[PDB]
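Here is the structure we will look at, set down as structure tokens.
Removed: one protein chain of the complex. Kept in place: all other protein chains.
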Amino acid sequence: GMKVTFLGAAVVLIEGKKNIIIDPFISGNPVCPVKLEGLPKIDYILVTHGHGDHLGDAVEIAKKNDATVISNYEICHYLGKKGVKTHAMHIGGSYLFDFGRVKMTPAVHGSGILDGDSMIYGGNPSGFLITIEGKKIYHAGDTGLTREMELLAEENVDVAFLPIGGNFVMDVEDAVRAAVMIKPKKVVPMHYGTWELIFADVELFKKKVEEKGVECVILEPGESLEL
Amino acid sequence: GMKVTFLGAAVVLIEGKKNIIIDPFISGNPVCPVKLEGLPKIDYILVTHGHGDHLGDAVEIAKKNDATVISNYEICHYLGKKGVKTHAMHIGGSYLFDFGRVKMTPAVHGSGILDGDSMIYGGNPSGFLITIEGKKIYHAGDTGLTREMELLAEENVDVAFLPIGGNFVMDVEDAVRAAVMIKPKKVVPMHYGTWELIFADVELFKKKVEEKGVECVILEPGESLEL
Partner (left out) sequence: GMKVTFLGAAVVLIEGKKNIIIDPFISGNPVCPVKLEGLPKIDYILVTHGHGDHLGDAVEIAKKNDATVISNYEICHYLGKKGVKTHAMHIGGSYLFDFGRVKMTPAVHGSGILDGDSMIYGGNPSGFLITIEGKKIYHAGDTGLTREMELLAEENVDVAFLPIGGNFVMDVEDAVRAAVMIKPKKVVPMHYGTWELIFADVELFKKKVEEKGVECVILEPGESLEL
């Protein structure tokens, strides 16, 4: 019975046999309810793409916990030069870890790593399909709407984390279209405005996505759900 | 009223409440009939990807007109260090501007920025779906045929600008397939071979696309249409 906690932006913590965290943007994230010290022991870190507000505090968390970062080849190379342990993958690749299976999914987004004022190439953006104890979590990462999401329909995803922020990522309308393509058991909106207050827009997502027959669990940063 | 002018390569000028230009490759472009001075006042510049013949004169046009560049995060970061004002987006993201709505669409291509003799990462390539006064223009940018184009069918696009040059982008055969996926009211071919040695190709496209029930409006560089 694992515990899945949303911590603002696109940060998702998964506590089970091991502890996994996705896109750990904690320090400098005004919507995140915890500090780095408030996180438990971290075994694995999943990074969807290179942008600063997803790559986040991965280096500091990896070193302090002796955790392995799971990401694409280019991101793992960049992190390797910082003395971070990594398990490289790429888009559409899967691997069976001790805790369960992780698969990188396609996404439509940039993956530039900002280092100083230089833009370093961090591969292509992704999502993650994670299979733990027969339960499937889909974290879309930063992405626009893409027909590749229809590949996840046969997976029967238990929970789908989709961005609804707009501008940099799907808005409410497209996120509803993604939710219908994927058809998960539940959908959690995230990255809703990249803002502290979104109540109007996130409720509009819940209303519209449930009209299409997909249950929406709104999790405020800090809140959890069980699987 | 709204005037849309094709200026060769992938250059598209849209004149209405505000003036916006897409992929402004003007100086250096031997098929572009106007110089930089022949352009009106520009409010916004849209860049689909980092390649020189699309990024073009964005820096100079922006500085002279105090215009804002709309492109992906990585391209806007590059332009920001040149002292250019930007509004960053990414693939599948939309935003409502004063003149209308802009949405970045997926493309299958590259997006390298050539700065001197170094290849800087300019994110992933895109197109643009612009909504102005209930009228929709689709500019595909440089792209190959992709199933993501089928997402635009429900938009009921009025004018679609598709490249047909081949080698770097779609050819005539594939561009006809894209038109049928998108089902726009009108389709304008662009980015065709330079030096005007390809009037046989554009006519073949017009013939082939209209056999599939899509009106084709051929525009020589300098010509326009209304919306």
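Some notes on this structure:
Per-chain numbering from 1; labels A and B assigned in written order.
The definition used in the following text is that a residue touches a chain if its C-beta (ideal position, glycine included) is under 8 Å from a C-beta of that chain, and two chains touch if they have at least 3 such contacts.
Only one residue from A:18, A:85 or A:90 touches the chain missing from this view: A:90. Checked against the full complex, the one of B:77, B:90, B:103 or B:109 touching the unshown chain is B:109. Which of B:171, B:210 or B:223 touches the hidden chain is settled by the complete complex: it is B:171. Summary of contacts with the chain left out: across A:151, A:180 or A:225, the touching residue is A:151. With the whole complex as reference, residues 72-74, 77-78, 81, 88-95, 104, 106, 120-121, 123-124, 147-148, 150-151 of subunit A touch the missing chain. Touching residues on subunit B toward the chain that is not drawn are 51, 108-110, 112, 114, 117, 119-121, 124-125, 142-147, 166-171, 174.
Here, only the chains that are shown with their structure count from here on.
If you average the CA atoms of subunit A and of subunit B, the two centres end up 32 Å from each other.
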